[PDB]
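If you want the building blocks of each chain, they are given just below.
Protein chains: 6
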Amino acid sequence: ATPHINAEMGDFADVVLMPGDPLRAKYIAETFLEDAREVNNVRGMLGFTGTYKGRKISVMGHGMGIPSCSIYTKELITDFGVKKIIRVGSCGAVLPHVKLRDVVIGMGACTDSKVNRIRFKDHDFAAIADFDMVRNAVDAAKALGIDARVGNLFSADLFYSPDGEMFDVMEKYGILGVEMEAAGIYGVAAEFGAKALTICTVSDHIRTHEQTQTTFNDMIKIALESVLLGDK
Amino acid sequence: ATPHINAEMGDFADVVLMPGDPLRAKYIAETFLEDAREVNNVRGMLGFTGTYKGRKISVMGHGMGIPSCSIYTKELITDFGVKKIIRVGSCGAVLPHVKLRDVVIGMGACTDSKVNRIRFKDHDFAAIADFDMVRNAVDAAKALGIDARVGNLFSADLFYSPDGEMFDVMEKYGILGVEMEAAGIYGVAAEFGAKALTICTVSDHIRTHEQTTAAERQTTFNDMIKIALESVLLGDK
Amino acid sequence: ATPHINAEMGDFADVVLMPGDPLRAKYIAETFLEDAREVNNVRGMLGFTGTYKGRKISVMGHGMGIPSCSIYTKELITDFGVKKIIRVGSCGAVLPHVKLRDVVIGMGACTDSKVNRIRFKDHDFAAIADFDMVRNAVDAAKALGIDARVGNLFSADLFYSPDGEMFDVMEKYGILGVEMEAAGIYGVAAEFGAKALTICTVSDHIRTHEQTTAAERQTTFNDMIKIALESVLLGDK
Amino acid sequence: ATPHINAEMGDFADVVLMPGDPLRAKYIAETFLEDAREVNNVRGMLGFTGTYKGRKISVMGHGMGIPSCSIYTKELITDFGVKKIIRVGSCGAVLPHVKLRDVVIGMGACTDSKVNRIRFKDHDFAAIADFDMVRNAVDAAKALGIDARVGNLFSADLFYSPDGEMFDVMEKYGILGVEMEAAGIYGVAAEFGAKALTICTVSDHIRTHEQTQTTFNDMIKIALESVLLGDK
Amino acid sequence: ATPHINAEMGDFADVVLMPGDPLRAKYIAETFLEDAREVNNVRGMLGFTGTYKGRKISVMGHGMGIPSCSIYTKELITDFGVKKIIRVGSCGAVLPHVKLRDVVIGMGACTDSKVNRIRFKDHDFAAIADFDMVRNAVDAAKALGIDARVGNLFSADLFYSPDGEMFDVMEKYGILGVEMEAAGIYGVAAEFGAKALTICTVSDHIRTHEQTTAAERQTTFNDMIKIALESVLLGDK
Amino acid sequence: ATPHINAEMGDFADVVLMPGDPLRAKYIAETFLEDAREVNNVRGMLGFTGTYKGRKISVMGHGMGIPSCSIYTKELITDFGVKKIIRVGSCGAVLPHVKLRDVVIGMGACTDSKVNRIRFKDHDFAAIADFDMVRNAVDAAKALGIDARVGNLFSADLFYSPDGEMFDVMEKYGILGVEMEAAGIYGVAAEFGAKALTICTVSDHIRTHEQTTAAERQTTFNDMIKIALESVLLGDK
Ligand SMILES: Nc1nc(F)nc2c1ncn2[C@H]1C[C@H](O)[C@@H](CO)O1
Ligand SMILES: Nc1nc(F)nc2c1ncn2[C@H]1C[C@H](O)[C@@H](CO)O1
Ligand SMILES: Nc1nc(F)nc2c1ncn2[C@H]1C[C@H](O)[C@@H](CO)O1
Ligand SMILES: Nc1nc(F)nc2c1ncn2[C@H]1C[C@H](O)[C@@H](CO)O1
Ligand SMILES: Nc1nc(F)nc2c1ncn2[C@H]1C[C@H](O)[C@@H](CO)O1
Ligand SMILES: Nc1nc(F)nc2c1ncn2[C@H]1C[C@H](O)[C@@H](CO)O1
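Going line by line, the protein sequences match chains C, B, A, C', A' and B'. A prime marks a further copy of an entry chain.
All the letters of the first sequence, read from the start, carry residue numbers 1 to 212, 218 to 237 under the deposited numbering.
Sequential numbering from 1 applies to the second sequence in the deposited numbering.
Sequential numbering from 1 applies to the third sequence in the deposited numbering.
All the letters of the fourth sequence, read from the start, carry residue numbers 1 to 212, 218 to 237 under the deposited numbering.
Sequential numbering from 1 applies to the fifth sequence in the deposited numbering.
Sequential numbering from 1 applies to the sixth sequence in the deposited numbering.
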């Protein structure tokens, strides 16, 4: 048991999918996993372990924001033997040609946070994902027949930003989605030695303002299927 | 109803108490509020509204970290007409004479986050509480025979710090407690024109550990809540 | 004797009043203190020590700007055993509802200076006053039938700033007054473990100014000192 | 003709390989290209255009450092219709298990420069390469039977750094190679809309101090071969 | 009349000498200038105007620290038509080969202040003196048989810095002396299109200090003024 | 022999002139130096050594940008015993009265690069030239009947700026010319204890273009070199 997770070494698989919402994790366990059982409930952060096509898999929420997800991804890596972490969240689009329900794969993640500058002597650390994992996900999407854009994400500290002009800069630099965790997960994976990847479903559009724990299944199917490709 | 709070105008009181753990909100509602009702459950962040000695009061969790609590407090203030927000949590101690189960009141809050510099043109914005609320809390604590320290808190962005260098620095400058929300909540209150206050009970001490008892810790957590609810009543007068 | 203060331990009281204008020290000594005696004159910064209603008190100017008052407040604290510093000055307002001659008490102080970042490993240090001292001032004021505003102050490094947009930002975040010292003094207090407070009267309203008679100005200045002095006795209780 | 390049639209191919040394470009033109001809010589920055297996290809040096290579990559993209840029340079290793002659592919690039902060409102821009290009290079290396590590590079402003302790941070975060251009090329590709990739040969070791315009052929072969995979 | 200088266009010469110690102005006026008359006394900052070998010249203190001298140098330049500012003060040395009482001329000034970054969109602005003024000073000194060191100065915001390692760094990069104004004055000069220069005598040697008689000190101070004054006449050619 | 310069101790003179273009080094060697010989060719950055009026002098290119010229100057100073480095290049003008073919001398150099902050603990290091060298250049220019401005240069990291905002700022603060090396060369000289100087001829004007003639431009470039070589001779005396 750790400060934020009440479980023992072995309760989690070496691979864990992590949505920001605890209720979506529960839903993923009920819909995609077999013989699924609850392994954690402290502070309401539901965690589950089960099987997908004979493969042991875990799924647990991580809360909103870098500070919250940094705590959980670190504890799993250092005390529960987790090797791979795949974040399956939602994001906001800034580009004109990006529409709701689109699937994005974050090869990299920009941020307005200071966490990585605190780790890198105040210089620029390129927060990137594991190449193999990115590739496994791309191959899984193709096999499933689902479209998916690979590119940069932007991890925001303020969902309600006081500076809207920064969206112009994001668009100019081809940012595919705005969320609040990627850059933090990638910094942790590198500090504590593990591999990570973030997959997101465009759930709203920052320019047009159109919006949408259920129904984001293609994202899940790609993630689970990409894990098996990695096992081979 | 916003993307994070599925409720309507009137479902929340103009005063909201906010713990970090959503399960703690249910504990508070069940223990101190009368005629309580659930007003939100999105993402599992339970909210409740009831009354305390005839006063309408609400209690809802905010999650861990400045990014999380900044979303909730912001929506409460701009979409549900909330005027006061009081955070009630825990923190770690760095000062030798600050002991476990001590009640700390955050008049100010330092931080390693960059959100207030983004707001303040890259300068130093002193994140502070509302004077009157601090005052009402100090007076409420006294009426209950409880001791309370008033000073600076530190809102950390990384629970697990890469370099344990800041602990010596915080101690050298008198920081009373280390948590993860105060600075962000004070920034939101200033930006949208509302009032806020943070109260914490020392749950752990970085500078040499040495715990106490379960019944004693739980007595102190209840006193903190008692101080919060009673401070509100004094303010109504 | 220190580099900027030629005196010995015991010449200053444990409480010192400090105006920005050096010429204000002699005025205060002969107008409010009893049995005053001179204790400093290095570089022409005259210091005095006497009593107010039996209480031992000292007064001496600090000069304009953070760098200057940092030198004086620090030498007093580490070499003359001073426990409390109270700055008494003027400020400019940016809020429409804040009028000329208003008395403001700075619970916190924002700044564009780098002194605190140099102290706090380039992070955000909330420079705040001592809570009790703030409360003592508020109560002393009420007793004199004067209503004081408590809030954030902004300590500027450039009286003539190249960019004027920062004023809109200060107004948006509730800054009560603009001056040039508070954040420096609060930083020093936290560094050497002492207590500080800044009280100011609005002497000008940046953007849309008014007009004041010399008689009005001395009346307000005297009220501020009276407030500062009575707050010390309240604190002694 | 541009301020730093004396040529006309059409003199360069839509793809250009760029080593830092002008003499290595000349060597690459003589050794790998057919019917190669000089297209530029201003300030000594030799540029050449020719063919590789019937495919029109260009090769031109860019000088040392981000400021120098920023000028050249920008002019090629805006006035000569260049679509892809592949940097083929050398680097210094910091990790124990990395040895001379090893080939590295930069999926990302960290830096202590301020150029990207000047473009991104002083926030953290993740300087990454084009996914397809990275993948084409990985596939080419496998087909050639050459080993190649994919990861983060570090673009230094000071070859002779006053802070050696920063090498500890680099090593801790898995930096595969230290050079002086990647982060700059990736920022330019994004600003002016083109694709880029950096390939480097470990030419020295920062810890052991062992050192090495010729002989770095595997790097070249992978780059040229990866371009053809991209054409399909 | 300006906020800090109660005078009118024409009361100050187009060249002003400014010491850090306000008490130095009256001394200089009666010891080096002819037919001196008082032109300022606001806040006790006394200013004088007279002639030196027929040339019109003024003297007035600026107070310790960048914020203070920025106010005075700027009002003189924009409201009284001053074209040249020469600071005459003291500094502390960090280099072994720089001895007590040495005269140093600051061609450039480093700093830990943020004033210039605020002016230069957070980039590096090289705060430098006017080349001719520097050369005039070097030649005036030689003619008086005094060899002056020309180089970099460092303007500190904190006389008592929390970190002492910065001194090793200053020594490594050749800093000749440590003071608290030059970078502020040079910034103002560049902002309002005027000329400036800082001349200083080593009054203390940080780390490994020596000892000086009061007689030695006045001799050196007088030499510096003599150097500053003769440099102005050379420049008039 | 280093990884960038394939030569031995004695192959370079203690004074090296450095243009940005390697082809320009050959032009200078062929035009002004007697008995010249090539001493380096690595990466194509040609170096030469010969004599001017019996004085041994070297000339080698440094490439574009601070990262490039920082490598070469550093190796020359620490591995080839070079004492003086004079950069001779071109720059763009921002000031209205600075006209094409004007000779600018960089007493100081501002920059948007971060290399000097990495060296100076994140503070402001004023990147300046060696006084005597500036002086020798001003005196050499005069003996040839040439006019020369002395002031600040700006070393840019991006030739093609993302935001043309800094041009107005540079102009407001009096920058004489825009190039890409000065600040980095001055930083290297300070770090390894050598002397440096940058001289430029205005090759273009951002503020409204309007060129001249080829024969006239080339006459001015030669005068600059003449000023450089002659300034060295004065220094030998
Ligand atoms: N427009 C948007 N902006 C940001 F910053 N995050 C967005 C988002 N749309 C979805 N998300 C994801 C990330 C957070 O966990 C959470 C915030 O509601 O859901
Ligand atoms: N030592 C400590 N450090 C930090 F950063 N936060 C502490 C804490 N002790 C308690 N807390 C409170 C604040 C967070 O919401 C939450 C983090 O577990 O509990
Ligand atoms: N508008 C204003 N702006 C600033 F920066 N300071 C102001 C002021 N009005 C009064 N003060 C106080 C503070 C300094 O000691 C001094 C500066 O003249 O008087
Ligand atoms: N150890 C090293 N450090 C840095 F910064 N760059 C290195 C290098 N080894 C090779 N390079 C590459 C990049 C430059 O273009 C050039 C510098 O000599 O060659
Ligand atoms: N060691 C020293 N450090 C600093 F920061 N300033 C020094 C000094 N010695 C003299 N001075 C000059 C500059 C200020 O006006 C004033 C500060 O006492 O005198
Ligand atoms: N307008 C201008 N801007 C910048 F940044 N540099 C300029 C220039 N005009 C000439 N130069 C000099 C300096 C570089 O070495 C080189 C860049 O082409 O020539």
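Keep in mind the hints are simulated off the structure, nothing from the lab.
Here a beta-carbon is modelled for each residue, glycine too, at the ideal position from N, C-alpha and C.
Hints are supplied without guarantee of correctness; some may be wrong.
[Stated by the list, open to error] Restraint ranges, calculated between C-beta atoms of paired labels, are given here:
1. B:210 - A:207: 40 to 46 Å
2. A':160 - A:217: 31 to 37 Å
3. A:161 - C:96: 35 to 41 Å
4. B':122 - A':6: 52 to 58 Å
Here is how each hint holds up against the structure:
no. : hint                       : verdict
1   : B:210 - A:207: 40 to 46 Å  : violated (56 Å)
2   : A':160 - A:217: 31 to 37 Å : holds (35 Å)
3   : A:161 - C:96: 35 to 41 Å   : holds (40 Å)
4   : B':122 - A':6: 52 to 58 Å  : violated (41 Å)
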